[PDB]
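Novice: So the chains spell out like this:
There are 2 protein chains.
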Amino acid sequence: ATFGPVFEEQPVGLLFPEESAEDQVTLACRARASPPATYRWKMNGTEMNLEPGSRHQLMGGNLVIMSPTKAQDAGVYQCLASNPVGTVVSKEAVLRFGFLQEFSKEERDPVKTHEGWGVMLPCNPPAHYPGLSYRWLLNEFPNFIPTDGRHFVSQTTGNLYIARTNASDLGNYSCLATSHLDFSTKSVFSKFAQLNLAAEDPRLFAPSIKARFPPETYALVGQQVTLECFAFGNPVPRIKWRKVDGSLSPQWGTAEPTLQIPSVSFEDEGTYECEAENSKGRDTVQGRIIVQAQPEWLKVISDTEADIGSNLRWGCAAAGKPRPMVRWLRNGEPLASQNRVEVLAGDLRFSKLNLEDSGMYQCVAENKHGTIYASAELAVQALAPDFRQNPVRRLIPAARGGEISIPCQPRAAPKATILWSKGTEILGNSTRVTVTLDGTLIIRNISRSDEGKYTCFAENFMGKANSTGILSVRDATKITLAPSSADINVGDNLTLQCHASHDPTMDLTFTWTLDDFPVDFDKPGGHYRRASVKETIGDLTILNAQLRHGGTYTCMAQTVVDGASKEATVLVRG
Amino acid sequence: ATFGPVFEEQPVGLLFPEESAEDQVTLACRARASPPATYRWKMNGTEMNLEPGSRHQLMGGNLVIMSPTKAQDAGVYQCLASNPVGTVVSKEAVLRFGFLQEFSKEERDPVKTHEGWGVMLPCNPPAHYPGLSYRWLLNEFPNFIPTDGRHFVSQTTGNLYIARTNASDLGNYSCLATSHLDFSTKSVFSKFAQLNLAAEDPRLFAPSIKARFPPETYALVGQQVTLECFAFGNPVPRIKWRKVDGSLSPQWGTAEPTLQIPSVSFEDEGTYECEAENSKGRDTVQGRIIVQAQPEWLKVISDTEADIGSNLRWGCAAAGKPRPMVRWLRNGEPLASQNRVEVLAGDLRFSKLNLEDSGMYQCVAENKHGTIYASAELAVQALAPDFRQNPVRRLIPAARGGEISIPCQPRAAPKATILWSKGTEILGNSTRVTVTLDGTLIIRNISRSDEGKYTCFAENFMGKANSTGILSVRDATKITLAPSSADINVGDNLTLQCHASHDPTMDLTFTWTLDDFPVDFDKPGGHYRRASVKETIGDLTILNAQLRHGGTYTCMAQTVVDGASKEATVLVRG
Ligand SMILES: *[C@@H]1O[C@H](CO)[C@@H](O[C@@H]2O[C@H](CO)[C@@H](O[C@@H]3O[C@H](CO[C@H]4O[C@H](CO)[C@@H](O)[C@H](O)[C@@H]4O)[C@@H](O)[C@H](O[C@H]4O[C@H](CO)[C@@H](O)[C@H](O)[C@@H]4O[C@H]4O[C@H](CO)[C@@H](O)[C@H](O)[C@@H]4O)[C@@H]3O)[C@H](O)[C@H]2NC(C)=O)[C@H](O)[C@H]1NC(C)=O
Ligand SMILES: *[C@@H]1O[C@H](CO)[C@@H](O[C@@H]2O[C@H](CO)[C@@H](O[C@@H]3O[C@H](CO[C@H]4O[C@H](CO)[C@@H](O)[C@H](O)[C@@H]4O)[C@@H](O)[C@H](O[C@H]4O[C@H](CO)[C@@H](O)[C@H](O)[C@@H]4O)[C@@H]3O)[C@H](O)[C@H]2NC(C)=O)[C@H](O)[C@H]1NC(C)=O
Ligand SMILES: *[C@@H]1O[C@H](CO)[C@@H](O[C@@H]2O[C@H](CO)[C@@H](O[C@@H]3O[C@H](CO)[C@@H](O)[C@H](O[C@H]4O[C@H](CO)[C@@H](O)[C@H](O)[C@@H]4O)[C@@H]3O)[C@H](O)[C@H]2NC(C)=O)[C@H](O)[C@H]1NC(C)=O
Ligand SMILES: *[C@@H]1O[C@H](CO)[C@@H](O[C@@H]2O[C@H](CO)[C@@H](O[C@@H]3O[C@H](CO)[C@@H](O)[C@H](O[C@H]4O[C@H](CO)[C@@H](O)[C@H](O)[C@@H]4O)[C@@H]3O)[C@H](O)[C@H]2NC(C)=O)[C@H](O)[C@H]1NC(C)=O
Ligand SMILES: *[C@@H]1O[C@H](CO)[C@@H](O[C@@H]2O[C@H](CO)[C@@H](O[C@@H]3O[C@H](CO)[C@@H](O)[C@H](O)[C@@H]3O)[C@H](O)[C@H]2NC(C)=O)[C@H](O)[C@H]1NC(C)=O
Ligand SMILES: *[C@@H]1O[C@H](CO)[C@@H](O[C@@H]2O[C@H](CO)[C@@H](O[C@@H]3O[C@H](CO)[C@@H](O)[C@H](O)[C@@H]3O)[C@H](O)[C@H]2NC(C)=O)[C@H](O)[C@H]1NC(C)=O
Ligand SMILES: *[C@@H]1O[C@H](CO)[C@@H](O[C@@H]2O[C@H](CO)[C@@H](O)[C@H](O)[C@H]2NC(C)=O)[C@H](O)[C@H]1NC(C)=O
Ligand SMILES: *[C@@H]1O[C@H](CO)[C@@H](O)[C@H](O)[C@H]1NC(C)=O
Ligand SMILES: *[C@@H]1O[C@H](CO)[C@@H](O)[C@H](O)[C@H]1NC(C)=O
Ligand SMILES: *[C@@H]1O[C@H](CO)[C@@H](O)[C@H](O)[C@H]1NC(C)=O
Ligand SMILES: *[C@@H]1O[C@H](CO)[C@@H](O)[C@H](O)[C@H]1NC(C)=O
Ligand SMILES: *[C@@H]1O[C@H](CO)[C@@H](O)[C@H](O)[C@H]1NC(C)=O
Ligand SMILES: *[C@@H]1O[C@H](CO)[C@@H](O)[C@H](O)[C@H]1NC(C)=O
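Residue numbers (the UniProt record's numbering), protein chains in the order written: chain A, 35 to 608; chain B, 35 to 608.
Among these hints, one or two may not hold up.
Any copy will do: because identical chains look the same in the list, a pair fits if it lies in one copy or spans two.
Stated by the list, open to error - The calculated BS3-like cross-link candidates involving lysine-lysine, where the alpha carbons are at most 30 Å apart (straight line), are:
1. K104 - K225
2. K487 - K225
3. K456 - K487
4. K244 - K139
5. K402 - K333
6. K512 - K456
7. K600 - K244
8. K314 - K355
No wet-lab data here; the hints were simulated from the structure.
Assemble the whole structure, with the sequences as input and the hints as a guide.
Specialist: Written out as structure tokens, the structure is:
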């Protein structure tokens, strides 16, 4: 019960915190294999030395990296479970390192404007992977900006937009990035910039958008998307969201600068418009949400057994907005269209399979948004010659000068080459002997010099087999004195003789038939008699012959392995 | 030209910031030594195996640790400068690593009490070296606890004390530590615990202090100290700070739970009391601020050369509030009171120094607040006798029948064994001649038969030396006729005679003094006369004697190498 490796647990991307919770990362990998599978690991498309005492160690099937490093172990990892049958690759798992550096200590320039205008204070946050929440601080660290409708902190660029510079906005402002997500609370603030306010300018301002959203925003199904839109206007501009020829949703307020779509569906695709309006004017900005999707299987291959030289068509299909391109792998290696097998994107056609094509195959569909794998095992079924059924027959009795037919019926996956040999001597097509196509051995005019062992030898790709039989030449049961025809009247007696000879070792049985009817000489009220049976001679006496006791009589002198026969014609008539 | 090692640059403790600028730390160490010194390094009291390609590199004695690690290189470091003369230890420099891990992800159990009572919510902050600033959050992260006087966050344990559990205090509370140091804005908060509020208890509560300060708070002059004091009392307890018997300072508010002494002086030492008072009662807590100080030298040892078998008293003294305990080190190893040398706290007495005692010595004074070192070199001097610096009296005039003392004081490591020889014959303690203990040769009742060469032979461990001097005693200057006293009237003349004898080879000079005043016989308008000087006789004539021309006259007849003297008393009368 040997089979190829089947993945049970596969790797999973991991975000490794920098603050050192543990000094080890364990990427999982595990496979069912009759002969336990050996696991190899490939980072960034290159083998990893997992020998003992190395940093990149192995525990069962799981890859353990000690003291993970963002500069050394960040990137892709792949598991290859292999065994005598073949090799299979697992999902690609990304090891990413989350962190949050601190703000550059370089002093931040101050910003100065007339009171009553709008202004922007930039955050310019430091390098960070997992994601940030941007807030702003006034003067001292504990104190926070008054969060209202006149202020808005962009949570993509971190900047701070003030629609109307108020007299109370004269002070110092710093940025604060907080990486708060599922795991991690690290938070860092920046050097304080300063906001200077000149004389007031009560002059009314038509709304002008300064926090815009991208013209093209690509997101995947199930993901969340957020659009930002904020403007400067002396009356706090009211922000409205709409969809170009779209009903939108009633539950969403759609009144704040941030439009939030959780679990973006494909229907949420399309053009969106933001409008910032105030008593003195209005401004607008538009942009498209272009929904995309990762690959997902539709049809895939399955473990299959196929006879040698068969035709096998395998197909894998996948769905995804960027049309997933499909590829094939044999034992974890690129499978190009070989001589025996044709490869065309999603179809793999084996024409006249061979024993070499068996093994582990995989179809892999990828787009710019990722990759997916599906594996299966191909078993081409061979078979050595087997004589378990239809044997050659241990004993072959014959008769002097008779014909003999000895069958040979091996069963082998590819057609078995057959040969016949008597003792140690091979046999061919002679005048007397014939080795037919089907395999039967034909011997003609047999003599006692042919007695012996005859063996059939069968072979093929896989193996060889042989079977023997004994050949025993006996005397032929023969009729020495045969009865001829006769003509007789009704009421008169007739005698048909049959003088035969046979091998003494065997008993002899005489039979008399009449137009294929068994002459019942023991019939109630019959009209026949079998003469005194000596082992050589047999006679049939018809007493009180009648018109119905005539026809083609047949004498048949048989032994338990041989028989001879003669025919006579009896005509009654008066 | 060879001398012991003298430290010029010494190591310095270092706080390695989290996410430093570079991944290398250079602990300085350098020593002046005529034959360049070898530098050894000791981490946590264990030798360090350094090399170029190793992590622990060396550059001019300075220790460079690449990619510093808190788990591998945190702790004490010491430099040992060694050379043929000896070994010396450097200051202890601590390499510490500042950081701030995040709170344990395990959810923290809720705390429950009766409404109107006081309560404490523990922070249990994560591992951290540098000081932290603890605040608390209510429900969500942006929102902060209202700091008003009913709440108090201990900035030593991080806990949160609520004096009166108010109906509005029912909610979720988390701790937030901010690790603000030289460069760091890191801030991490904990998973939210929950506060459960039972039925109200309107009964007033007598104040009970729960956030106390230690009875003994140890601090150094110039440092800052902070005392915390907060209590539970149903009426918001008023907190007052005072000193049991000190005028204290007006600038300090003494109204908040935290009493702050920046730059604590020695006068700020003493007992302090905090008083929490409310309508229904009062409670107090007392404790002493005990000002202390680090060790600082007062007297220390110095580089010394000492002759073999000398007595050497060394002393090192130090000042510090915990009296610094003094120890000694020989070539960087503990110097216990051995057989030859006595050690008593701050004093080290070498008795009969030997060639083995040379080397580098150090005195090390330590108290609970640190350690201080002072080094010096001890050179024990061997030396053969040398007379180049103090040769023997090359010329020795004396007087017939007089006593002669000829010193012999060579410069030798151990005192030189001395012998005296005239010509080729050695001298001992005879009736006239004696070879004294100090080494001086004493000759008595000398005659012209002793004139000749006298040589001192000195020896010691190392070598032998000798030096000669001529002895030329020719005759004793003697007074044959001495003047006696006299009594005279004013206006009359007096004559004081002095008849002397001298060796013919030398001239003779007469001197007349009057009560240690040189009788000026060439005085403008004087009243003296020195008679006609013959080489044998000298007379002083006082003409027109006066009350001021009397007293103890002294005749002094001298040659340039010998002299005799006599004294008379002249009494004038009016
Ligand atoms: C106390 O009593 C002692 C005992 O008498 C007396 O010491 C004697 O000092 C004199 C010099 O003042 C020594 O005379 C020297 O003798 C050596 C040879 O003697 C040595 O070798 C023999 C074997 O050959 C040994 O048996 C013996 O013990 C000695 O070890 C001479 O070589 C010396 O000559 C040098 O100085 C001359 C100038 O006067 C040079 O012209 C001459 O070239 C020699 O100089 C060499 O060395 C120089 C470097 O130092 C180099 O620059 C030159 O170019 C040259 O190569 C010298 O005549 C006598 O040996 C000592 N006695 C003993 C027993 O050793 C002390 O003088 C006396 N104390 C006082 C105060 O006088
Ligand atoms: C016709 O078909 C029959 C039945 O299949 C064959 O009989 C078998 O033949 C094979 C191969 O000759 C035999 O296997 C061989 O056994 C040798 C030892 O023989 C002893 O042990 C067996 C039991 O294992 C006894 O039956 C036998 O009487 C002996 O006591 C091994 O030495 C052989 O290995 C050697 O040769 C092979 C290559 O053949 C090498 O790879 C090896 O390294 C080694 O050098 C081999 O294992 C088998 O034992 C036979 N049957 C039985 C029941 O034993 C006939 O051979 C076949 N005839 C023809 C002409 O095709
Ligand atoms: C294994 O494969 C992963 C994935 O490809 C790989 O991680 C990648 O490393 C490169 C280079 O370090 C990263 O490229 C960066 O891209 C950002 C913008 O996205 C740039 O700001 C970065 O700038 C660096 O490089 C510049 C070019 O010289 C420098 O001027 C600059 O100062 C920075 O040093 C950099 O170009 C890429 O983002 C990652 N991708 C992922 C998914 O991690 C990893 O490095 C590979 N393994 C090894 C050992 O290299
Ligand atoms: C050189 O010697 C110094 C001095 O011993 C040594 O530093 C010491 O390390 C131990 C263990 O790291 C410290 O023991 C700590 O005690 C405090 C109590 O104040 C505990 O809170 C600490 O708990 C933390 O560390 C544990 C590790 O044992 C963690 O399991 C735990 O979760 C906490 O994170 C800890 O037990 C000891 O205080 C210091 N001593 C000094 C003076 O700092 C240093 O490690 C040595 N260096 C080398 C390279 O050997
Ligand atoms: C040894 O002699 C025997 C007997 O002649 C040979 O068997 C014969 O082989 C031929 C060659 O293929 C067969 O011809 C075929 O006949 C079938 C119909 O049976 C026909 O459909 C084919 O197109 C082809 O013509 C012939 O049938 C067969 N004899 C019998 C009785 O079946 C054998 O080939 C000889 N061996 C060698 C090695 O020469
Ligand atoms: C403070 O912490 C407590 C937990 O200690 C928070 O209570 C939790 O509140 C959420 C909703 O805000 C509850 O979720 C609810 O779950 C029930 C099923 O259990 C479901 O029917 C509701 O639709 C909702 O999803 C959660 O169960 C609850 N936890 C417990 C243990 O009761 C609380 O929200 C936090 N904030 C406060 C109190 O302001
Ligand atoms: C905002 O930052 C400025 C400096 O950029 C602070 O101005 C300093 O104010 C102190 C008074 O506490 C003066 O001693 C300094 O000379 C000022 N420096 C400069 C460059 O002007 C200002 O105080 C900060 N904001 C607030 C509210 O204090
Ligand atoms: C803004 O300016 C107005 C001026 O009328 C003032 O009343 C108000 O207190 C200031 N602060 C805020 C937060 O609006
Ligand atoms: C049969 O074989 C024998 C011996 O080979 C031969 O004498 C005889 O004539 C043969 N008979 C026929 C019918 O071929
Ligand atoms: C036939 O047998 C019967 C039996 O008795 C006999 O009567 C008759 O004569 C026989 N006929 C011939 C022709 O043998
Ligand atoms: C505390 O409780 C009192 C009475 O229940 C209430 O008046 C007061 O506002 C509360 N404190 C707050 C809400 O900060
Ligand atoms: C007498 O001379 C001997 C020999 O030099 C010396 O050892 C001894 O000390 C001398 N005694 C005195 C009293 O000087
Ligand atoms: C000194 O020595 C001389 C000669 O031996 C002798 O005549 C005289 O008496 C001695 N005087 C003294 C005081 O020793």
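Novice: Within a copy, between copies, both or neither: which one fits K512 and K456 at a CA-CA cutoff of 30 Å?
Specialist: Classified as within; 28 Å inside a copy, 167 Å across copies.
Novice: Using 30 Å as the alpha carbon limit, work out where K487 and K225 are close: within a copy, between copies, both or neither.
Specialist: neither (105 Å within a copy, 92 Å between copies)
Novice: What label fits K244 with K139 when the C-alpha limit is 30 Å: within, between, both, or neither?
Specialist: Only inside one copy: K244 and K139 sit 27 Å apart there, 40 Å across copies, limit 30 Å.
Novice: For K104 vs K225, is the C-alpha pair at or below 30 Å within one copy, between two copies, both, or neither?
Specialist: both (26 Å within a copy, 27 Å between copies)
Novice: Checking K600 and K244: alpha-carbon separation at most 30 Å within a copy, between copies, both or neither?
Specialist: neither (100 Å within a copy, 123 Å between copies)
Novice: Can you tell me if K314 and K355 fall within 30 Å by alpha carbon in one copy, between copies, both or neither?
Specialist: Neither. Shortest intra-copy (43 Å) and inter-copy (75 Å) distances fail the 30 Å Cα cut-off.
Novice: When Cα atoms must be at most 30 Å apart, do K456 and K487 count as within-copy, between-copy, both, or neither?
Specialist: This pair counts as within: shortest intra-copy Cα distance 6 Å, inter-copy 144 Å.
Novice: Between copies, within a copy, both or neither: which fits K402 and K333 at Cα up to 30 Å?
Specialist: within (21 Å within a copy, 77 Å between copies)
The structure shown violates the earlier hints numbered 2, 7 and 8.
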